[PDB]
Amino acid sequence: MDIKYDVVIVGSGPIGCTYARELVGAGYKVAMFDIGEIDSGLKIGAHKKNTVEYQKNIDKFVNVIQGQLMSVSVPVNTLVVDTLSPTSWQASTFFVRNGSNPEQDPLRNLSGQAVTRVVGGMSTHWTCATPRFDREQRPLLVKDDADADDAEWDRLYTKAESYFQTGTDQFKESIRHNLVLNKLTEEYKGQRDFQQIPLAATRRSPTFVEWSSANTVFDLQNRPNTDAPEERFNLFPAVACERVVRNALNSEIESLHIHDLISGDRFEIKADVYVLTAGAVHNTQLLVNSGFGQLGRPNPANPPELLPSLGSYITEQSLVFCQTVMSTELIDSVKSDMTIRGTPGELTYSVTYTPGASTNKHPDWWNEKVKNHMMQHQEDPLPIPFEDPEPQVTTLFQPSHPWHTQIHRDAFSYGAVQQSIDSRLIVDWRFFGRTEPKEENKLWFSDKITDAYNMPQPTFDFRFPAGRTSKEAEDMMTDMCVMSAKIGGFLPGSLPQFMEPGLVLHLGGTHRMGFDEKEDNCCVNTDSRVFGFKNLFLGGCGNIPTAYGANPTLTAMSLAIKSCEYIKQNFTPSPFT
Amino acid sequence: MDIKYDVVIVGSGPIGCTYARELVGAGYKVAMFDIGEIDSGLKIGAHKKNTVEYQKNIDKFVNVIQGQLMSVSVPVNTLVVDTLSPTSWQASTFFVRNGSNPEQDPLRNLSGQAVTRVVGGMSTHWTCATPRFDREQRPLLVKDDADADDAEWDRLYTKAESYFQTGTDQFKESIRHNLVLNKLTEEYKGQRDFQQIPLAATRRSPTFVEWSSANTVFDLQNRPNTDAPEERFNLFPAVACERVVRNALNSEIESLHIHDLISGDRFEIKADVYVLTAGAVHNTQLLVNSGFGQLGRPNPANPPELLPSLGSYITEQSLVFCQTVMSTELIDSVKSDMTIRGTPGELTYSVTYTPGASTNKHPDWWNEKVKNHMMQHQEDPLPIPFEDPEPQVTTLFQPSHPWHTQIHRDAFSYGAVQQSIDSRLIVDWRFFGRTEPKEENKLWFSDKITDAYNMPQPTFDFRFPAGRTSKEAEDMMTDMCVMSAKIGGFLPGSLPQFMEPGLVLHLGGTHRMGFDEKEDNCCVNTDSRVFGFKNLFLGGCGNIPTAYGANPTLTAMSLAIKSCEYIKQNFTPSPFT
Amino acid sequence: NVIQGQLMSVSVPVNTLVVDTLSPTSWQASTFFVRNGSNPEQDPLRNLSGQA
Amino acid sequence: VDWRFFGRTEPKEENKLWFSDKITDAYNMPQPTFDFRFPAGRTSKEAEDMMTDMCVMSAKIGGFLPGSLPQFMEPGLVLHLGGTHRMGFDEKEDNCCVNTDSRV
Ligand SMILES: *Cc1cc2c(cc1C)nc1c(=O)[nH]c(=O)nc-1n2C[C@H](O)[C@H](O)[C@H](O)COP(=O)(O)OP(=O)(O)OC[C@H]1O[C@@H](n2cnc3c(N)ncnc32)[C@H](O)[C@@H]1O
Ligand SMILES: *Cc1cc2c(cc1C)nc1c(=O)[nH]c(=O)nc-1n2C[C@H](O)[C@H](O)[C@H](O)COP(=O)(O)OP(=O)(O)OC[C@H]1O[C@@H](n2cnc3c(N)ncnc32)[C@H](O)[C@@H]1O
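From first to last, the protein sequence lines stand for chains A, B, C and D.
Count along the first sequence from 1, add 42, and you get the number used in the entry's author numbering.
Count along the second sequence from 1, add 42, and you get the number used in the entry's author numbering.
Count along the third sequence from 1, add 104, and you get the number used in the entry's author numbering.
Count along the fourth sequence from 1, add 468, and you get the number used in the entry's author numbering.
Any given hint could be a false lead.
[Stated by the list, open to error] Pairwise CB distance ranges (calculated):
id: 1; chain 1: A; residue 1: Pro386; chain 2: B; residue 2: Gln132; range: 46 to 56 Å
id: 2; chain 1: B; residue 1: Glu294; chain 2: A; residue 2: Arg246; range: 22 to 32 Å
id: 3; chain 1: C; residue 1: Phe136; chain 2: A; residue 2: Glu561; range: 18 to 28 Å
id: 4; chain 1: B; residue 1: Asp562; chain 2: D; residue 2: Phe474; range: 47 to 57 Å
id: 5; chain 1: D; residue 1: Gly531; chain 2: B; residue 2: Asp235; range: 25 to 35 Å
id: 6; chain 1: A; residue 1: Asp489; chain 2: B; residue 2: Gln132; range: 51 to 61 Å
It is worth saying that the hints were derived from the structure and are not from the lab.
All residues carry an ideal CB built from backbone N, CA and C; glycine is no exception.
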C-alpha cells in the first residue's frame, strides 16, 4: 500500500463511484477507501437482488435491506418491563444501554434514519428509481439565466442517466403495469400525466431484471488490469477514514487519517485531491471530527470558525404509504376481450378472442397472455399470468401536486394474514413530500458519546417545519387516499400512514451547496468544493440545498459529474510511472 | 466448459467441500455445481458474519439468515380477511396462491423446514456448533466390535474437527461465559458435566472471531492456481443439477443432466464418480427426479423399483427455547472480590482488589477486567465489561439427559420492549431432542405441483413419534425450565416454548445409511455409496439413520471423509497432462 | 370483560411511548406531559402497575 | 387447564402506599402512589422457586398452551394487596395501625 495518490475518495457508494469513473478514466492515480467490505458476489459493489434466488422470491429481499441498515441515533429506551422474575437483575433507572444515544431527544429525531457500511454503499439494495428534479425542486447551477441553467442540468442528468442505465421501458409489456397506468391516465385525463418510474435497470429476460448499482457506474476492480492497462485504481475495504488534516491557514487538506480495521494500523494518506462521498451523515461526521463546524450540542453564542452552516438546514422527505387490492372491475377488465365457453377443469372449457378485432379493448399481446393463462391454468380464478411483472407507475412532482409518487411493488414483509391475498392483486403506494430547509433542523455530533466505530455519536434535532411542508404533507396523504381508491381498496395491515421519519433515507442538506458561503448559508460551491479549501470536495445528497420530493441520487450524481469537470481543469494527473 | 471430469459434486455446502478437499487434494479432476451464486465476499463460500459490521452489530445478522431461508412446503392459507373494501376483488375459495403447496396437510408438516441456495450453502450463516455424537446417537460403522467402532469414529471426527477448525477455547476468558459455566458446574456437581460448546471458529482478537464455513474446509478457488499448480477444480455457480442418468442394469450412473440458469442452456456432464451433496431435501429431490424411490403421494400397493426407503424414516429434532435475565445474585458475584470506597461519579470513587489473594472467588484476569470497567465507566450500573464476549456453554447429551444443550447467544431479533434489557444480562437457552426414525414420517415429491425451479414440489408427512420421542421432548422442556432458573428468570417475550417444527434445520434420514438395504431400511452403505450403483455417493445429514439431538454436520462430514477413502481406493485420478 | 370494565388502575405513570408517525399537521407534544389521568409522582420502576 | 401459583411477600417498611399532596384522582382525592419492590432474600428466591414448581408440576398434566407460556403477571394484577393498615398487638413494637379487635 503506497503513501501517495493523485485522488483519494472516501466511500464506494454510487457517488464515490461517479468520482472514480470520471477520475480513473481521465488518467488519475486513484485510491478509494470504504469502511465496509466486499459482499455482493464477484461483481464488486453490485445490486444484491440480481441473484436468481431473489428474482424468484422478491419478498425475501427485505431481509437483505434490514440486515444492512444501522440506525443513526437511538434514544434511551424507557419501556417498562415489570414482569421480570424477582430474582433477575433489575434497573433502578433508564440508564444508557445497548448503544443508545443519551443526547437524543426522542421527540426531535429522525428515528428511521440509518446507514449502510458495505462496498457499494446503499446502491447494493436500493429501489433504483432515478427521476430528474423539475425546476422547483432543483438547486441553481447558473444564476439569473434560466435557459443556461436548464441546459446545464439536462447535460448533467443525461450523462448521469447513462452511468446508471436509467430507462422507462423495462416494464412496458406487464399486464398489471398497463392495467394501472391506463386507469390512472384515464382518470386524470387533462389533469396529470402518468408514465413508468425511471429505473436504473436493464431487462435481460421476461423474468430477470438486472438492477443497477455502484458497480454499473464503476466496476471497482483494481487497475491496471487487462481491460484497462493504462488506468490506476485501488479499492481498500475495511478502512475507517477518520479525518482530513487541515493546514494552519485553512486553505488546504494535507492528509487523510485512516484506520485499517483488519490490521489495526493507522496511516496518514497523502493526495492532491480529497473527495468525501461517505453519505450525508458520515461526510458530516468526518468533517466535524476534522475541526469543521462545531463539535457537541449547538451553541449559537459560540459560532464555529469554519463552515458554520454544516449540519444545519437538514431535510428529510415526508413519506406516506399504503397498499391496495385491485378492484373487481379492473380484474374483470383484464379479460374483457375473451369469449369463455364451458366450465373450468372440464374438457370443453374454451377461452378465445379474435385477434385485431376493432371491438377489442386490449392489444393482441395482452390477450394472448390472458388466454394462455386462463387455458393452461383452469384452477386459477385470476386472468393475470403468474409471471406477469409488477406495475412501476408514477406521476411526477408538479406544482399542483408537489410530491413524487411511486405506484409499484418493491420488497415487502407481508404478515401471515396478508399472505392470504394473492400477490397479483397487490399494489404499493408511496408518496414522498418536499421539506423546507430550516436552520433549526440539525445533525450534530456528541463531544462525549461515541458510536460503534468510536466516532462522535450523530444526534438529530429535527421537526417537519410548520407552514408549507406540513400542509403539503397532509395534502399528500389525502391525494394518495383519493388516487389509490381508483385502483382498489386498502389492504388490511397496510392502511394509509406516515412512515417513521427518515425511513425513506433521502436525507439532504447536511453539507449543502450554494453560490455564496454567507449569503446562501452553505458549505460547498457549485463545483462541490469546500469554501476556502483548494483541494477538498464533497459528493452526495448532503450537497442538495433545496426542498425536494423526488428520489435524489440521480441529482447527487449530476452534481458529482460537474465536480469532476472542475477537478479535471485544475489538477494534473501524475504521469504513468 | 468441459463436459468430462473424474468427479462431479452437486452442492457447494460444507459436505460438498469435504469431498472437494479430499478428492482435489488426492489429484482428481473435480467439477462442483451449485444452483446458488457467489455472495460472501472474495472468500468464496465463507461465513457472512465475518464482517467487521456484523462483529459489531451481531443482532442484525438474523436478517441475513432469514433472507436466505426459503420454506420447503407452505400449506394453502386459510386466514380470513373480511375487511377488504367491497370494491376489491375477493376470493370465493382458499385457492392455491403465492407458491403454497396444495399437497401439504398443514397438521402433518415441518412448517419451519427451509433451504438455502448460495455458494457455501447453509455454512454461510450457521451457528458453528460441532459436537460429536456419543454412542447412543451415532450410526454403527463396524458391527459387533464396539472398540473398533469407537476407534473409527474417533479417527473420522478428529479429521473433521481439523477441517472445520473446531475448538473449545475461543471463549475461555469471557466473564459471562465463566459466570454461567461455574454456576451450572456447581449446581450439577457429581451429576452432569459442563464445558464450552465445541465451535468451528478461530478467535482473531478480543473482539473478532472468525467463524468457519465451507470456505474453511475448501477455499473453492478454481485450480490450477499459483498456490496449487498441480490440482484441478472448477466451481460452476447458478447451475441447477436436475437428474442423474441410470444405465439399463441400474448398476452405474452415466451422466448428470444440468441446467445453466444464466444462459438457459442444458448439458450432460460425464464423470467417473457422482457425489450428491445438495442437502437432505434436495438430494432426495434429485434422486426422485432420476427414477429412484417413488414420485407422487406414497402408495404402498405400488412398490418403487429402486431405494424403497428413500424419503422414509425422516427425523427432525424437537427444539425448546427461552431467554433469561441474569440473577441479581450472579451479577453481584461478578464483583465479589472488589473493595468499593465512596460513591460513583465523584473524585474519591475507588474500586480495588488484591491480586492473588487466596480468598478471591475469581482469577486476576477477571478481577482486572471488572476493576477497569467499574473505574472507567462509573455511570454504568453493571460490573460486566462492555465488550465481554457471550457465553457458549453446553452439557452434552447423556442417557440421563438425552438432549443437546446450548446456553449461549446467537443472532436474535429483540422486540422494542426486550431492547429495554441490557444485552449483558441476557442468555439464550436451546435444548434439542432426538427423534425416533419411523417409516411413516416421509418427505415425498408431488407429480403435479412444482417448486420455484420447476422441480417436483417437496411435501412432508410428519409427526413427532409417540413414545420415547414425545416423552423426552416434554422432559427436555422441563429440564430447560429447571436448569435456566439457576441463572435467572425468563425474559418477557422469550418465554419457554417449542419452536416451529423444522425451524432448527437438522433434518436427517431422508436417504439414510445402514449395512443392508432391506434389513436396515436404508439407501446408502457405510461408504455412502447408493446400493447397487458402483459410482454414485450421497453426502450430508440425510445419511444419518439414528435419533440424534446434537448438531449433525460434524457427523455428516465424518461420514463424507470415510466415503472419500472408499472413492480413493476404487477410482483412479486421470493423468494430469 | 365484566371484570376489566370495573377494574380502574390505581397508579399509572406518565407515558413515555414515542409516537412519531403523526401527520405533520397534527398537534405534537414537545415533552411527556401529564396526560390522561397519569400520576407524575409515580416511579414506573417501583410501581404495582396491575393494582386496580 | 389454567395454572396460577401465588407467592408470599415479606412485609418491609420501605414498601409503601402514599398519597400525593398535589395530584388528585378522579374523585378529587389525594392520588395514590406506590413505592414497591419484591424484597430481596426469601421473597425473591421463593418467587423463582414457585415459577419452577409450576413448570415441573404442569408438565405432568400437559405441555404449555402457546400464547399462555409460563410468566410472572404484572405486579398487583393479582389484587391481594395487604398490610396497608396492618394489625398487631402493640402499635410501636409490631409497627402497626390496628389491634386484634381491628380498632385503630
Ligand atoms: C436503503 C435504501 C436506499 C434507497 C432506496 C431504497 C432503500 C431501501 N431507494 C432509492 C431510490 O429508489 N432512489 C434513489 O435515488 N435512492 C434510493 N435509495 C438511496 C440511495 O441508495 C442513496 O441516495 C445513495 O446510495 C447515496 O449514495 P452515496 O454514494 O452518497 O452514499 P452511500 O451509498 O451511502 O455510500 C456511502 C459509503 O461510504 C462508506 N462510509 C461511511 N463512512 C465511512 C468512513 N468514515 N470511512 C470510509 N467509508 C465510509 C459506507 O460504507 C458506504 O459504503
Ligand atoms: C440455517 C442454519 C443452519 C445451521 C445453524 C444455524 C442456522 C440458522 N446452526 C448449526 C450448528 O450450529 N451446527 C451444525 O452442525 N449445523 C448448523 N446448521 C445446519 C448446517 O448449516 C447444515 O447441516 C449444513 O450446512 C449442511 O451441509 P450440506 O453441505 O449437506 O448442505 P447445505 O449447506 O444445505 O448445502 C447444500 C448446497 O446444495 C445446493 N443445491 C441444492 N439443490 C441443488 C441442485 N439441484 N443443483 C445444484 N445445487 C443444489 C444448495 O444451493 C446448497 O448451497
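Hint by hint, which ones does this structure get wrong, listed from lowest number up?
1, 2 and 3
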